[PDB]
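Let's start with one chain on its own, the form solved without 1,3-benzothiazole-6-sulfonamide, as structure tokens.
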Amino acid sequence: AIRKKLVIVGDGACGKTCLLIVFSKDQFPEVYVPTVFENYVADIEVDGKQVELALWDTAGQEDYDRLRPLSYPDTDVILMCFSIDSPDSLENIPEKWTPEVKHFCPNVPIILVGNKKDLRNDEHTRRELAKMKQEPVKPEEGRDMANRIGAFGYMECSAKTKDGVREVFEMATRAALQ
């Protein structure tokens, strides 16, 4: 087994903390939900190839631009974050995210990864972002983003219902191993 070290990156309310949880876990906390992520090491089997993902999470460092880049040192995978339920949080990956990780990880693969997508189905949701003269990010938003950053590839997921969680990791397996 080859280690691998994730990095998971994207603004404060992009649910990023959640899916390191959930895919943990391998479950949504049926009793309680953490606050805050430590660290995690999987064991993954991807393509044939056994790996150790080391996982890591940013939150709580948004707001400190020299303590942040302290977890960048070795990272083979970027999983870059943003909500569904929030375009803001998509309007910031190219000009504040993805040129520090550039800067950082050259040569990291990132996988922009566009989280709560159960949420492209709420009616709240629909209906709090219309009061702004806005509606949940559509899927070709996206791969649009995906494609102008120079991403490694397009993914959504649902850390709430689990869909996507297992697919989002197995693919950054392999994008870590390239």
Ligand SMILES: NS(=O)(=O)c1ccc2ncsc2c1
Given for the second form:
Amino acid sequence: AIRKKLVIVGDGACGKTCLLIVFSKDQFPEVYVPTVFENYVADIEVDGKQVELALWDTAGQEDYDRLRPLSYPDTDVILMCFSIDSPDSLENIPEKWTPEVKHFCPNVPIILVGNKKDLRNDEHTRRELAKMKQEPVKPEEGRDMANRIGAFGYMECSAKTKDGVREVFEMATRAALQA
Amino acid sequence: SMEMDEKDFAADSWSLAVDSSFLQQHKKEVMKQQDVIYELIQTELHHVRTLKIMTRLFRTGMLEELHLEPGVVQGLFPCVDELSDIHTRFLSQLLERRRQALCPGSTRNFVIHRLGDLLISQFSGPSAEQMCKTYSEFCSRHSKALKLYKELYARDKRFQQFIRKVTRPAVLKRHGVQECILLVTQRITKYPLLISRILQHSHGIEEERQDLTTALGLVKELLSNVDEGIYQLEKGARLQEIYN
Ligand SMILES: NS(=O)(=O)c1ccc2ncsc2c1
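Next, give the form deposited with 1,3-benzothiazole-6-sulfonamide bound, keeping in mind that what was shown is the form solved without 1,3-benzothiazole-6-sulfonamide.
Every chain and every other molecule in the complex is listed next, the one we just looked at coming first.
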């Protein structure tokens, strides 16, 4: 068994904690969605390789510029997270999160993850985003951002419907097992 | 952790912990608020458990079996005793408040109405000053501990066998030396998110809403002071490297 470490970064409204919880839990938070995530060590078997994957969160650290980088040491893969129903969280990827992850973690694979993709066909999301001259993040805008920031790959998921969540974490395990 | 408390916090939520007949008598907003209060205590119980693993299992275990320099163990687990005292006292205060609120003839049914007052005490005055300085020292010595752990594991075979041995149980999956160290640093930043979500369902009592508003401001002031006083240490950082 090989031990690899994951870390999820991104603005709060991207849904990073939910993503970690819905993955780590065999169930679905039907009764209670926890406010916080401690840590989890997932047993993953990707492409025949069996890896132990420590999952970590940076939610709460967003305003503490010296406390936040203490999560980064020894990270093998980075999940760079943004919300599809939030174009503002995508714009902060190359301005805020990319400069910092590349500073502390040069050469560590980054996977751009577009969360809340189920909200791309939601009408409450279109109605409120029209009030700010905005509209849900288009697939090509996510792919082009992943390209522009030099991401290892670009993925999309929905932690509410569990759609594409197992794939993101199986791919992050491949990314962490590189070179 | 003690069996009594483990069984008291074994459920996923406060709604699953209390008896279904007791839950039925409460409103939506109350069940909501109590689920998040239950989480604040559940995670605090877990936090203290993490510091017990570090002190009794690793720190003490090393002192007794691995006969290495005493400053090595201090370098590995800095301020763990001080940290354990802060959180064991907070946990006791939180656990007593739950016990007081227990309905007569029941060990599981309760409703905590007052919490903001206990949080204002924790994050203000000497308790806040002792917490700020301890987390500043822990966090600034965090990296130096991760490097010292790796130096020892990848240079000493006795240290390697000890670690492999003490971490062998299934219950230590999330709790290796480094994961315990990150779990501790990440704890202080969980409080504002927990307190804001509790505050979101505490509008039924105006003095409770103001308590949780003040407590929120106090954790945030504390977090800013720890963050401002952090300067990473390096194992053998030369004097020239420090003053430049
Ligand atoms: N500069 S740092 O302490 O944040 C750090 C150290 C090692 C490492 N290895 C992989 S990601 C990473 C980050």
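Numbering follows the first chain given and starts at 1. Only the largest set of C-alpha atoms that superpose within 1.5 Å between the two forms is called the rigid core.
- Of the residues checked (26, 38, 135, 62), the rigid-core alignment between these two forms shows a Cα shift of at least 2 Å for 26 alone.
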